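Given next, in structure tokens, is a single chain: the form solved without 2'-deoxyguanosine-5'-monophosphate (DGP).
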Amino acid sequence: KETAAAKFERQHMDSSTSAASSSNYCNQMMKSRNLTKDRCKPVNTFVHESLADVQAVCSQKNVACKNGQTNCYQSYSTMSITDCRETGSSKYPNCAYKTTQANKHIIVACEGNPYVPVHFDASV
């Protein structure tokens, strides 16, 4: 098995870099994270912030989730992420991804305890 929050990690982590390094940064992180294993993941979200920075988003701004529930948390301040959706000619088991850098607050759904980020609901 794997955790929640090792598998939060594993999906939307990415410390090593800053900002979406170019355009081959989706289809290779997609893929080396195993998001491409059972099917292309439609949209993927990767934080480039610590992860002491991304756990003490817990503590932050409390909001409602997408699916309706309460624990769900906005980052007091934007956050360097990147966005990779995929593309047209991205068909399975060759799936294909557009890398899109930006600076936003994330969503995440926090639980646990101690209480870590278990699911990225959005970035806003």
Contents of the next structure:
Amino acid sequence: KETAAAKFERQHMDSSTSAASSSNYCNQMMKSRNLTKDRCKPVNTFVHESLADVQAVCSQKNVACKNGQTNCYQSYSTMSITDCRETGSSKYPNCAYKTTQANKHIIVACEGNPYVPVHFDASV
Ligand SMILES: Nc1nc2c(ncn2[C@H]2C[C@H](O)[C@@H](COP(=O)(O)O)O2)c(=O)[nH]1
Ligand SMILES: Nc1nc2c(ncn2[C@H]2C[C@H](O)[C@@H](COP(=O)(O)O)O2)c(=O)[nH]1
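Same protein, the form deposited with 2'-deoxyguanosine-5'-monophosphate (DGP) bound this time rather than the form solved without 2'-deoxyguanosine-5'-monophosphate (DGP)?
What follows is the entire complex, opening with the chain shown before.
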């Protein structure tokens, strides 16, 4: 019965590494986190920080979500992230991703008891 909180962690958290070490990281992780079974998800960001540090963003800078919701929050600090997005070649079910390492602020939507991230909105 996967909760939105848990779906966030499966799609976006990778606390086991400080950054993507190889150019194949997104192909391996998108598959292994189950993000290509229904379709190729076009864009997905992984965050290489502890869970507590990411959950804490829900008490940091309140901003508008891209869709106008008001329950989005931007990290005060940059975070280590991996941008995964489909390449030109990518075509379901043969998904293909480019791996880009970056240091950026994250913007997430939060909800719940506990009040935790449930959607990754953007990096800036
Ligand atoms: N839903 C969702 N959107 C993402 C995620 N990572 C980045 N984005 C969004 C932010 C931007 O709206 C868009 C990419 O835009 P750009 O970098 O300009 O091509 O993807 C993610 O993990 N989930
Ligand atoms: N609770 C909640 N879930 C959302 C929001 N936007 C997208 N989702 C859900 C739909 C999908 O199950 C999932 C997609 O993951 P993400 O890449 O984090 O947007 O997030 C939102 O604003 N609030």
